[PDB]
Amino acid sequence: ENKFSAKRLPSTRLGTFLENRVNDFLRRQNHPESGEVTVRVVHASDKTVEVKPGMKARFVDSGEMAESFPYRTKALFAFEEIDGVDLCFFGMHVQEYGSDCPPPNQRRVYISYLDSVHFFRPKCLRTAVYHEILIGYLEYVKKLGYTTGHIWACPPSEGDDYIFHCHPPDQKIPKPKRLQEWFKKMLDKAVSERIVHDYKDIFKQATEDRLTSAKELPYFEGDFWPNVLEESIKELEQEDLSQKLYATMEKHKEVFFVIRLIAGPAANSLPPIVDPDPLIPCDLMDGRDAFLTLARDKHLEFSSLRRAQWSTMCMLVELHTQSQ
């Protein structure tokens, strides 16, 4: 028995939900080479995103658009048991803008960052397991009353680690098209299960929505669009803001997914969003810097199966001894 295992991490309703979904899938496949997956929310805290000077001037100060949007941020990780030792192979960071959030951020979630380490066993279920987690998250927030999800299909630069320090040298970074097709395959799956109603690139979605002002575009921490509007307001300063937006959306439409989970009249009468889970203050999983620093300091790589398993044990040790 191992008092610092992933299974013994404090459970959450979300974590349970997700891992039950994955293990159900795994049991159905009945593959002799696979192991039990464990999913753990390891951080959850409330924050707000502050509207930046340019946009504040044109829209906030004149009472058209709230100064700040609050959201709950969360970090979660998934683990496979491979002959009795844990392996961390997947991490996700989300932003959840609840029902008492001012529009246009209301009832939306944003996937900040996705990362993995390609050591899941067997190789031929890795993509499927990533899909079951991602679809599982969508199913859950929908259940609770979030209407729309958002993804930015941004492949990193060579050497830029998103969550896991030092990737294997032979884990290819996907080209943008490949990453976009991969997300489409995942969302298609969720449409068949009637989880997602539909999904569209950001340009087509803003068109259908008859969006006319930049204040109507959701404002997410760390996202492309806040900074695009800023550079866009400096470019009008140096000489319409809506025409600039719609063009930047067109050029880059294929990278920005808008996923609709509840549409039509069903979205207009929803009860408030209440999170059955408590906050989880954990400085190590507060954004992606604290975990990446810890890995540099302790020379924890994630570049081979046995290295990543060693690194998993350390992260689990930290994680338990800070939750204690």
Second form
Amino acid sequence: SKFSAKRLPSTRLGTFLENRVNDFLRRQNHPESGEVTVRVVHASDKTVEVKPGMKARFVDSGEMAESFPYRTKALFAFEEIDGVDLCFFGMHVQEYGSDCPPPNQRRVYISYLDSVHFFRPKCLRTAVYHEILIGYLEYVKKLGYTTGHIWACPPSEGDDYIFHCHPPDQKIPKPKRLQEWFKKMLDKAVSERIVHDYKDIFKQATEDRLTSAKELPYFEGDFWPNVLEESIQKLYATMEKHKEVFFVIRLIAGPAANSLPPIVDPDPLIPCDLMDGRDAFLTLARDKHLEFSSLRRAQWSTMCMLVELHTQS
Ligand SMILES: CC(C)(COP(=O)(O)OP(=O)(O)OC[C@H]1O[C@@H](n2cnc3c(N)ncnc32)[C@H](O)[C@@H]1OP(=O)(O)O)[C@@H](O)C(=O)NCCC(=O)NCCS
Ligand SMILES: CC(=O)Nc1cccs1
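Any chance you could show the form deposited with N-(thiophen-2-yl)acetamide (OK7) bound after that form deposited without N-(thiophen-2-yl)acetamide (OK7)?
Up next: the whole complex, starting with the chain shown before.
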């Protein structure tokens, strides 16, 4: 195909992730594995605005920035199966750099991740997802982001985070399973000296000696900004109750976290309105019936998705 995944423009981030995954695959040496291609298909500058209640309380008094700048990225992984691309993994992230005001400085937030379970061989699928995620943490660490933030909430039945119409026998993990799955990924990263340690949001706030909501990171679309608006101590109660779902991941700790030079992202902006957050691709897939429910349909949908990405106005 003149519209292959591999022909999508390369990025340092995508190159870094795909090389990590394919090196994992070379080590495993399984006869059914096919080459993985990771492409960043959207990167744009955004700002998240403090909502009214929090603004009135902390912004207007000069205690908190009014908004926080970030870059959003969308990336996708593809495996070559039978000389045909298959998109099997996607993620959108929010990256708050070194000039972003506290509390958000040098943090990354994983907005959404999703998958379609046709990776071959099946016995390496989870392992490959973990390699992608560990790579992403490794990469942002190298650039100088200090902390990663992951929300482990599975989609409710019939809801698709990124890919329209999942396979009917692709089970959706319960929250306990997904939380353990993230722990498994983070433990591997700990072993590899990528992650220093990780904590749920309640344990984090406690160890941080947080006493004011103005000190919690404030991300676009996250649970916490909405919780904070309703509130306007009871907050600490709500952090305890939902603590299992919210991982705070320390990449760089202690003194080496405060002497850092500015973060320099070597990758350019990538305008792609189709991939500016998850809604537009779901809308396109719903309208054009790009389903991901069987290997065959997913390959066809992948091919259509690729054509769109290559031919974007
Ligand atoms: C998160 C995700 C990528 C992990 O996929 P994965 O590595 O294959 O891990 P899962 O936990 O889904 O599946 C592993 C195994 O547990 C099984 N399993 C999953 N959910 C299950 C359930 N509710 N009951 C019983 N078994 C289940 C799977 O069938 C699979 O079994 P197998 O590999 O022996 O066939 C995938 O579940 C997914 O795309 N989920 C939807 C998106 C999402 O939850 N995003 C979360 C954070 S934004
Ligand atoms: C405020 C906060 O830490 N939000 C989080 C989002 C995801 C994991 S932790």
